[PDB]
Amino acid sequence: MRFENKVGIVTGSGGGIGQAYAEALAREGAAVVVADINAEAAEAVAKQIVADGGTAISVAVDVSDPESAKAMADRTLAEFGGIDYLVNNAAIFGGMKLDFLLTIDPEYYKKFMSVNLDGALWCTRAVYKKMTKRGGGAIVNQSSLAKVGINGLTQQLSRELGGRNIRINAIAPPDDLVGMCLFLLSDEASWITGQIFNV
Amino acid sequence: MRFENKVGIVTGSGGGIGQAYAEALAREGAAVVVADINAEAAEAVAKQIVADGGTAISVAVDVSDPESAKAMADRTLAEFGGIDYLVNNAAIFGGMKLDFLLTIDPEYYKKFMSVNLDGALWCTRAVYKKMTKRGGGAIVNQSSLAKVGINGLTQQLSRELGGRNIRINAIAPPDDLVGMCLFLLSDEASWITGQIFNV
Amino acid sequence: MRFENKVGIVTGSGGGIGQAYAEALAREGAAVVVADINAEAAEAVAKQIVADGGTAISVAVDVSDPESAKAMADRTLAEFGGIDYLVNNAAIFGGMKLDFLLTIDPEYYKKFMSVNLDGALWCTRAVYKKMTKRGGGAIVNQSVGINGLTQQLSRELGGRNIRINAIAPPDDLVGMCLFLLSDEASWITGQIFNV
Amino acid sequence: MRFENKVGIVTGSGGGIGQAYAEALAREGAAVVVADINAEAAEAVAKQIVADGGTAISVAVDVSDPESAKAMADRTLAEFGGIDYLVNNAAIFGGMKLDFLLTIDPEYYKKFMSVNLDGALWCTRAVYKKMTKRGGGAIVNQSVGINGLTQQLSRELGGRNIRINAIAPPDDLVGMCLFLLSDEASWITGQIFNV
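Residue numbers (our numbering), protein chains in the order written: chain P, 140 to 338; chain X, 140 to 338; chain F, 14 to 208; chain R, 14 to 208.
Because the hints were derived from the structure by calculation, they are not lab data. Some hints could be false.
Each computed EDC-like pair below joins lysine to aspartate or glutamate, with the alpha-carbon atoms no more than 20 Å apart [said to hold, decoys possible]: (1) F:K124 to F:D78; (2) X:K268 to P:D244; (3) R:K124 to R:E56; (4) F:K142 to F:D65; (5) X:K209 to P:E182; (6) P:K236 to X:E299; (7) R:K123 to F:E92; (8) P:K268 to P:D315; (9) P:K209 to X:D244; (10) F:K123 to R:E120; (11) R:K143 to R:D78; (12) R:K123 to F:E120; (13) P:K268 to X:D238; (14) F:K146 to F:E17; (15) F:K83 to R:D118; (16) P:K249 to X:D238; (17) F:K124 to R:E53; (18) P:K250 to X:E206; (19) R:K124 to R:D75; (20) R:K142 to F:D118.
Estimated spans, in silico, between C-beta atoms of each pair [to be verified]: (21) R:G107 to X:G168: 48 to 58 Å; (22) R:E92 to F:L115: 39 to 49 Å; (23) R:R173 to P:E246: 51 to 61 Å; (24) R:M109 to X:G221: 47 to 57 Å.
Quick reminder that beta carbons are idealized off the backbone N, C-alpha and C, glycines included.
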């Protein structure tokens, strides 16, 4: 119960490893905001967390949209009174589509690049002043070439966030991830900010 | 006069090294399309090229917009009958603004990332079928972390463009650039595609 | 306090940040082997640690020689009964002379690369079986491709509860180094930290 | 045809792609020094080139030994009157054994790194003053950080009209290599090509 009475937001938590991050946080006492572009999936995971004796709500977010990220943060405040943690796991999985850049749909490509590269930026901007008001916080960026973008972003934000007691780190890739993520959120990772963990 | 009766497009050619690329091409006999987000600057450079005994027109392009790139290509066809070369030099110079990602204007950041990372993609898509119809062509991408994006893009496009006799290469940084750029466009660089030149 | 009953070796600790690591380990309770190519400087640093109320000895080592690294490890085991930690900080002061690869003395060039790239390898090889008998251990490499060495060794050391990480560079460094050796860093191996 | 009146050295040309480079250079008119640690294989390849109507000799060289690389260069100069080109392709067949850094034989490990990383350095040092007397030259390194070596050497070789580039890997390779040596590649130095 490391995270008792803490508040964490996990983007892309409607499924996959994001869901496991959300569930693990709630298992250890945190109020979790289950944020996903898919509302129904997010609500499904939140409902199971609550049925399991946890605290969670779901929220629809478009991580590529700064205002949708802001709304996610304001909802978390209204529902839980503060924000301690943010896990930027939301991503667009493209796979072989990006092998055909000459013919790929422009709007798909733009959304893919925007979510995967800037998603963590908009969500970080949406939470960091609220965290500061809590006395500090911790953020984890889940990376996915181009993953140097999130590595670069993580180093930059780590410096900009200095003096707020806010740490920010990146994980670059099976419940060893979960263990690593929650560790990077916890107070035992106090010496760690601006670092990239290869998993 | 290596480029006599050839047709080349240079984006970001309203000033700086792009202007020198445009002027050099026209000096060696090519019909040059002087493409820039700034119409007046582009027209100024085109007017001097014509006054110097060259062949050139100016065109306004937003390289982040696939349709503006298409319009640039169609104008070149209409004006000169074909497209042999494309120099992707258009870029947003941000400098110290990107040291303040927490507070940077979102629309500025999006435009900066879109022009610098995807500009070469949209312009390449706009010209490659027209080049194919010419019997081949050559493209140079001018890179500017994040410059791995244009390096990656250049390698990917090089493979996708195979079998069209179209070469594509990247330059990553003072008229040695000009020399290198025109060489990479010329037939003597036939062995070179998908490569990055550190200048 | 924090490293009570632990035994740590620090190479290149006859001066600079290596000395600082050794002194920090000893003040937090560890028995420390001050290892350096410079035997006098190492002994002087060991003597000051002991004069300041820590436990330490000195050992002369050439980290470019696998047999010298072994002897360093055997001495530690004989002196303190085990090995828990290794900090690979040994380094040759090669700098702007690597701008002249066309004229640099070959034997110096090789020695430079050997110490700075292979030093950590030979010392890790010297201690890893001893650490395995203790039930695990932690290694920190001071950094280049010595990051790749750290990733590779981390995979090779698996199943032994031995962690190995790198720091790419003062109290910031000392703090990070001790953290990476501590049980708090149990989730961390095969990583490179920029301090 | 294309390399008429030119003199080129290819290391590691007793087999593999090294042989292919040497044979391609000779069929295009160059006098070629087939250099290899394996003296018999080098001589056999030299003999076939000459039997096929090219000009070549063999020389035994250990590219890890700076003095052996010098002797290779002196022989070339004495035999053909100058040096224009060097292709650094010498390499030791080390593979999956580098997955066992904890147990790999130290002397093999060092030799492996010496040949594969330093081979190109010692050979470049052996030829660059000779190339300068000829009015320039071109060097190709078969690739890692040996890219950094190529960038560094390119800067150090400035003002001599000597170009040095790297290829990171069959007829594709041969073509690229000969192009990088030709006068057509005059705009290219300190670059790494992926073929």
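20 Å Cα cutoff - pair P:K268, X:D238 = holds, 18 Å
Verify the proposed pairing of P:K250 with X:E206, using a straight-line Cα cut of 20 Å.
-> holds, 17 Å
Mind checking the alpha carbons of F:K146 and F:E17 for me, to see if they're no more than 20 Å apart?
-> With Cα atoms ~18 Å apart, F:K146 and F:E17 stay inside 20 Å; holds.
Hey, R:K123 versus F:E120, does the alpha-carbon distance stay inside 20 Å?
-> holds, 13 Å
Given pair status - P:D315, P:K268, alpha carbons within 20 Å = Violated, because 30 Å separates the two Cα atoms, which is more than 20 Å.
F:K142 and F:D65: Cα distance at most 20 Å?
-> violated, 32 Å
Given pair status - P:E182, X:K209, alpha carbons within 20 Å | The given pair, whose Cα atoms are some 43 Å apart, is violated under the 20 Å limit.
Given hint X:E299 paired with P:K236 - CA-CA distance at most 20 Å | Cα-Cα ~13 Å, so holds.
Between F:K124 and F:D78, does the CA-CA distance stay at or below 20 Å?
-> holds, 10 Å
R:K142 paired with F:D118 [C-alpha distance capped at 20 Å] = Holds, at about 17 Å.
That 48 to 58 Å hint for R:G107 and X:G168 (C-beta), does it hold up?
-> With Cβ atoms ~53 Å apart, the hint holds.
Quick one, are P:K209 and X:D244 close enough, alpha carbons at most 20 Å?
-> holds, 15 Å
Of the numbered hints given earlier, the model fails hints 3, 4, 5, 7, 8, 16, 17 and 22; all others are met.
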